[PDB]
Amino acid sequence: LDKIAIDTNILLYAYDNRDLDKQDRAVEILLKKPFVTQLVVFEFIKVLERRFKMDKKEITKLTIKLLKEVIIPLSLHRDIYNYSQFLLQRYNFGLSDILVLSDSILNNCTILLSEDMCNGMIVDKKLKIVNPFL
Amino acid sequence: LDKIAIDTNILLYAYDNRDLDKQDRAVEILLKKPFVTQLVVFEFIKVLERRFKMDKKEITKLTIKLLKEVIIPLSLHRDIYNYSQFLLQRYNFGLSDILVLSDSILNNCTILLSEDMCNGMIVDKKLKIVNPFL
Amino acid sequence: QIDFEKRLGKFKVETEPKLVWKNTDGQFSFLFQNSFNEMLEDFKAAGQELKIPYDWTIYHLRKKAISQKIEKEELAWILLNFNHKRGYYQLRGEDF
Amino acid sequence: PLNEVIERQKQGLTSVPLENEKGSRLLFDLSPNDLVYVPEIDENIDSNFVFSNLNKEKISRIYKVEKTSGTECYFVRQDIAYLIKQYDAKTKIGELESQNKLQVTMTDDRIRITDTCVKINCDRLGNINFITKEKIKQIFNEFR
Amino acid sequence: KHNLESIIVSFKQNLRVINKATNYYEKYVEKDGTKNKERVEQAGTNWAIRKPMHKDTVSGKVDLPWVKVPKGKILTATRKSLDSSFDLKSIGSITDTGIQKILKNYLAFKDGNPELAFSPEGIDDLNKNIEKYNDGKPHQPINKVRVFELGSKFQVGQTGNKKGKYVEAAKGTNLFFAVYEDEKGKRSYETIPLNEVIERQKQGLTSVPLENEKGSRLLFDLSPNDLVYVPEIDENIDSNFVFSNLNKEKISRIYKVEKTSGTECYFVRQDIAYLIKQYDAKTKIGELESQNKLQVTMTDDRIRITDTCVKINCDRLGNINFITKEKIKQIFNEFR
Amino acid sequence: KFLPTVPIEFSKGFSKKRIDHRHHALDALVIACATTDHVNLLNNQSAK
DNA sequence: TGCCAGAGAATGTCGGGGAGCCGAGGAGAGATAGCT
RNA sequence: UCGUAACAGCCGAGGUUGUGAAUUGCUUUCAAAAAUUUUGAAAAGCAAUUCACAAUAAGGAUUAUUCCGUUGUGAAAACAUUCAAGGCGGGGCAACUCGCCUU
DNA sequence: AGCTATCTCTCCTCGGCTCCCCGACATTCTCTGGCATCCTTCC
Ligand SMILES: [Mg+2]
Ligand SMILES: [Mg+2]
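Chains as they are written, first to last, in the authors' numbering: chain A, 3 to 136; chain B, 3 to 136; chain C, 98 to 193; chain D, 1299 to 1442; chain E, 1107 to 1442; chain F, 1011 to 1058.
Be aware that one or more of the hints could be misleading.
Heads up, simulated DSS-like pairs for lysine-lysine below, C-alpha to C-alpha not over 30 Å straight-line [claimed, not checked]:
1. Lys67(A) / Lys1308(D)
2. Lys128(B) / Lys63(A)
3. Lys5(A) / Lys1308(D)
4. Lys1320(E) / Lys127(A)
5. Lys35(B) / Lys59(B)
6. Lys1271(E) / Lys1167(E)
7. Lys127(B) / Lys1308(D)
8. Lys1271(E) / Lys1126(E)
9. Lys1269(E) / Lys103(C)
10. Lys1179(E) / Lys63(B)
11. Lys35(A) / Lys1390(D)
12. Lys1179(E) / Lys67(A)
13. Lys35(B) / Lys1356(E)
14. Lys34(B) / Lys1157(E)
15. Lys1292(E) / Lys128(B)
16. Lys1354(E) / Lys5(A)
Bear in mind the hints are in silico, worked out from the structure with no lab data behind them.
Take these sequences, add in the hints, and give me the full structure.
In structure tokens:
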């Protein structure tokens, strides 16, 4: 009994077509109905519009379908900025990453899945960051 | 009598002092307690960290102070993606701009104080874009 | 159940150990059955009926230790009990 | 109400709001002739999925929405077409009481369906459709 | 006359809930190869709680099936000595049913009079002859009983058996009163107990949650001895600003918080020091009503304060602080 | 003019100045405007 | 025209603002041991 | 005539919640039994008398026979405390404590 | 043996702490009412 969140890299590795095994790992991650911050949704949309040059209408269609059935979006918590400042004291992460971490924690997420952090490292004795691909 | 929202460029001109007159206009606009959407806040944070190279802690402090005193943040709406899809049928703006417009409209905002958004025309007969620097 | 390397002598976290109690498959058992049986025989000699609490054994040990030999765990129990109730140490200016 | 649905669909949004003002995420909407499954009282269904092992009991615990008013939703066991005896005002005896349908399960348990029901969608041939790894693969294989 | 009638009274406030803890402790340190005793600071983040967290009495939670439990409410229990203050009503508050039966039977045996029944002599008589009132069954003697109570109590802590002990907030620790606003226009009032405030501040957050479970935006929080302004009935306003030239009437429409309980916040006009006549409950006549506090304005309109009040912050000298065209510029200049 | 008044039963331990905080500011203003001439005239430093 | 949506009728539960009790620091009122 | 009165320090014994135990109790649940009624076993909830033990403001350091955690200042989530040597001496079997003289 | 000044023995209004209605608002199930009349084309 625990709550799981994810990061933008997981959605991208699901969408990308050059890491077939990582594609798999991503897809059976999504079979469990993970949660997402709105931040990773916005970053995913920006990356799709920027990196893959895939047009806006299809971006919106895909994200609507994903948020509708694949994933459960998380309400953007109001205490995100204060808590992000609090976590920013001792963890030397990017401000985007710490924002994701803070809003994930504030929504009672117990495990975060990603690759851009310290695998297994614990933040504020509340959340555990895991690299599911390794 | 009518709600008012702002775009990231308003905050950027309020902070940056390369053109003093536009900075004064932006400060005057901020004096009236204007509403703001969280996407604008995140874009502002990203720009400050990237363009102006301010460190994380001062950026977070500035954001917290601004939200506590100067501006009213708007809660993120659950219908942002569907409406953004709807708005794309008639209007051809950037995807981030479309998201900003959708979140502003869904929160009953009637004026969007922006600059780089081809001011003047109504949007969906609910909101209008106004350039305050002209 | 007690740390001895970093937090010296402190109980391990979320542990509430009893010295005279051993847990086996969640079943708690006394640790000094011999002295307990000695107390039962003594109370039988005194005429008191039966079925006395297990943990009275501390006082039989304390009386016994004055003249006889007791086990090392019993000695540790007695010392940790003496740590509890040091007693009153009157200072200057009072007679009582 | 139909007015809200009309306005929401005209705006391009979905028929049912994603988030009530109470601050609760929308689990699902229900329409007439929809299918729901009521799990057993003992069991806990949160991410069960696996809707191919439909035996007698699981299928027999499938209900259908019939009508709706306010916060009251009425269900009928999906295999029931005509009631054995319809309700009457004089003798006041009926197979499914005065409303000819119950807000709860028909069996002896009498548990409110809406508290534990899970929505189920099916194709024309009466086959249950649930997400699979291949479906998740294709859902954005198509956009590529 | 003008200056005296244009004065706002400044109240010193200290809302210390947590603070940094200073710990100078002596230990052996190595300098130039020699180990010497010297006092050092404590390393890390140490928080000192600056308020009495809870009351002294500690209660344990019980589950009595024969008692209806209101939602959001907790049933606890506590040992108490058996004395003459126990009547047939009091015996109904004892957790143990068999003790209730024995005690009621013995009390009836002595004319239902607690004074003789529950004197120490009566307790001794019951203890020495407990067989009669317990259906002839044996029973261990009785000296104390665990009476149960119904109320709002919270655990002392989490580690160890500190989760098994339930306490209640210390008197005078109700220091926060949140007022939230919804998009509809309705104002919601709430009181935040202390322990949540300690938790939030330890997390680095604000004292009061910025939105309640309604989702309503938080208008403002209130603590004892802060000043609010109550607008006129025909002057329904949002912020009204104009806080640099308040007239006699604007100043005269300023109220101050003293007591917060439940959803109730009690106010007295800021310039009122001592009432002409202290309220008497017997005669029900005085300058102010019961508790010498009013939730409504003194004037004849008698409008409830919490409905239209707007918080105003006042510095030491009596001035009112409001955002200006320059404070924003200093805000930006601080970070550049 | 109509001056403030308190009935006998309610006038035990009553003060006009004690009812409002502003009497402190009034006292400050009064003591401020009195010059050294005022203080050494009301202290009878010239009485002899 | 059968049946859908909502009015309609019995309940039980809860805020909430007065009624009535009632714990508690503190003042007459005095027996009394230290003092004369 | 002011001031002195405030701040600190070494200890004690309970109580409460909880864990384990000995002995009894009250209620509830399948009947195991008797000829619609009782005797009941076993569990659960609630205790009582006594014993041992854990915690005793949430919590954080440290391995000194040291602590910090209900005071004050104010955003810096930052602080307050201590301050080298030399003998002379009193006390104390001891640990150590207390004064005087000299830069 | 007699005076008194520090205790103790009992009444009080205040600050609380339960009753205490009283009206309003969920739940659960059951009645009840509903646009009707209108001709040709029109086979
Ligand atoms: Mg990331
Ligand atoms: Mg933009």
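To see whether the hints hold, each was checked on the structure:
1. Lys67(A) / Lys1308(D): The given pair, whose Cα atoms are some 19 Å apart, holds under the 30 Å limit.
2. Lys128(B) / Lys63(A): holds (24 Å)
3. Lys5(A) / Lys1308(D): violated (36 Å)
4. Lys1320(E) / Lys127(A): Answer holds: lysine 1320(E) to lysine 127(A) is near 29 Å, not above 30 Å.
5. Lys35(B) / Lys59(B): holds (25 Å)
6. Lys1271(E) / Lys1167(E): holds (8 Å)
7. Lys127(B) / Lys1308(D): holds (14 Å)
8. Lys1271(E) / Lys1126(E): holds (27 Å)
9. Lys1269(E) / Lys103(C): At roughly 26 Å apart (the allowed maximum being 30 Å), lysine 103(C) and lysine 1269(E) satisfy the hint.
10. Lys1179(E) / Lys63(B): violated (40 Å)
11. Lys35(A) / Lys1390(D): violated (48 Å)
12. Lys1179(E) / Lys67(A): violated (42 Å)
13. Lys35(B) / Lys1356(E): Between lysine 35(B) and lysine 1356(E) the Cα gap is close to 23 Å, so the pair holds against 30 Å.
14. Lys34(B) / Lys1157(E): Since the Cα atoms of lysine 34(B) and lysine 1157(E) sit roughly 39 Å apart, the hinted pair is violated (cutoff 30 Å).
15. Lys1292(E) / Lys128(B): With a Cα-Cα distance of about 25 Å, the restraint between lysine 1292(E) and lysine 128(B) holds, given a limit of 30 Å.
16. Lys1354(E) / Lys5(A): violated (58 Å)
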